[PDB]
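Before any questions on binding or motion, here is one chain by itself as structure tokens, the form solved without the ligand.
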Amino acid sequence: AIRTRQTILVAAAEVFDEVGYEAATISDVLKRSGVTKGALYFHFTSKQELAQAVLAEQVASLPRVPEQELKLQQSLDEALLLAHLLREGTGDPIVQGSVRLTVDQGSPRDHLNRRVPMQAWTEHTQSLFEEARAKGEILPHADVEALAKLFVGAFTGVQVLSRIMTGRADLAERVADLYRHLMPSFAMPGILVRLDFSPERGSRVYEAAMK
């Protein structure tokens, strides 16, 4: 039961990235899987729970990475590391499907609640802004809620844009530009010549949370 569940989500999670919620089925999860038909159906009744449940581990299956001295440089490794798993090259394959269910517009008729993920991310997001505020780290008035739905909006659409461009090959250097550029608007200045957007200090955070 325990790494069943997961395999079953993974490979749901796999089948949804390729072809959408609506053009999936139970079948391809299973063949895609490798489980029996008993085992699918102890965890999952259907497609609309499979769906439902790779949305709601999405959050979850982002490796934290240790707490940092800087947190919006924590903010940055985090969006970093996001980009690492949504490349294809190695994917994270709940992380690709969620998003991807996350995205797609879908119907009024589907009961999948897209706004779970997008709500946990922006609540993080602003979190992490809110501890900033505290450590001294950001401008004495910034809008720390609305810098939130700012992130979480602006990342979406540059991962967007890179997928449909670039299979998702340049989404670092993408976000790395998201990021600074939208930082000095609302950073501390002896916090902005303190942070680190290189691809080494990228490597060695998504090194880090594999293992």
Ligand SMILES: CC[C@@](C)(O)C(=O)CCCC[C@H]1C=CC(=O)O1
The other form holds:
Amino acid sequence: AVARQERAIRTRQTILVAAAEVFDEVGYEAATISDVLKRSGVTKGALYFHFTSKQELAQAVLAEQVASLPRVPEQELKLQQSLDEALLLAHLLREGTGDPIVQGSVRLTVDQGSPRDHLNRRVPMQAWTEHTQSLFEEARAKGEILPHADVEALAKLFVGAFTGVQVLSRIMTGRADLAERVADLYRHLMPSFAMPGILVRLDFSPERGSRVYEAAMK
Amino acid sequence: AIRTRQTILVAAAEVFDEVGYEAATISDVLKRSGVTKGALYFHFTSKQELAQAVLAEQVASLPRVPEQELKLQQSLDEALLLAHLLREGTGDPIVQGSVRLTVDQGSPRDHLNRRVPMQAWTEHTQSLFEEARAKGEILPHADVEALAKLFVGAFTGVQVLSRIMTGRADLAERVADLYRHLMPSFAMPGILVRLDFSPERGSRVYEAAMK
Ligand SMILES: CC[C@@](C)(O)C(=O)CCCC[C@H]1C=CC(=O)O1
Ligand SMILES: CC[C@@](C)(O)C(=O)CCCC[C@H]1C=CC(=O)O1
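Can I have the other form now, the form deposited with the ligand bound, not the form solved without the ligand?
Let's see the whole complex now, leading with the same chain.
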């Protein structure tokens, strides 16, 4: 029983990682259960214990998007935390290795599909919006945000802007410039709402990005 | 014949919007455009060539906003116009489908070059920011290329989020938020206050652009 549940945990992750990969490579519609079976090396029995259909598997990779980012060390500035997360996500989307679910999950999110596929792409977008607003809320309690800033509007701006920065970067450089583009984004958004005292202390450097990455990989 | 090429282009874009590139067919396009097989094949050899042309026509499809002395306003006018056109469709029936073709990842096997509209938007936005900079609307040494990339990128994402969350119902608000929040990082003194974000202005811009 104890061993059965440990196997169940590991098997689900194995499926999710393999499924995200095939969804990344070929998209939702062209992907098959067979592709995922070939990639994971799990049995057909194992896959159906965890997921009911391709659709429900796709939904799960969508739903695990936010939970996929390694949690950054809890720190002094909440807006530095947001920057650290965004730059880590930029690294994870270019490299893939540190989190093999995100690339595929983002592709499923951003591909339009149709109402016919019954995928709920709002799921990860809502979760990122909540994630981001929550961090702004904590930043505001810690005196990091200007008075009368709309933290919901701001959260929606950050999620949307990040998404499109990602898209443009994917198209133009295959995400090679993504960390630089994300840094640029944060440098031009933060001045509208971050307390000036916080703004001078924020660290946008690839060296800090590198250290956060090295830390998150344990 | 040029108008027949456009009728086909509009129909192809709408078909690409509805069902995507892979699922779409010449037969869908012919049904939608109501042109003969001969008319289509004179202008395009394949679905692939059709897709490349609606991708290519993206920037040019955007109706020209009236020239403005405040160049930042001109950009805002364009941004809010494009928001409006992406939400409704009727004033630029090409753009919805062209955007889906740009944003959908597809595969390197499809021979579609998504770089073409993105490069064109970047050069367009860069030119405006050069004019803005020279007229003293933005910081004299602002990296106008990086800003263009930032604006094209951020707009695309705001668009994508709005489509997913509201079907683009909130797009104009979200684009306004984008411009309002990016501007203080690089605008010259007294410029941000001069900008007009109102939907009444947006409406006047829309009308003039169609005329
Ligand atoms: C702004 C930075 C951060 C960490 O707080 C996010 O909310 C990340 C948003 C990621 C959204 C994801 C969905 C589509 C896409 O391209 O990326
Ligand atoms: C920033 C405002 C503007 C007018 O100057 C643009 O460049 C618009 C960029 C349009 C990009 C297009 C591709 C995907 C998408 O969602 O929209």
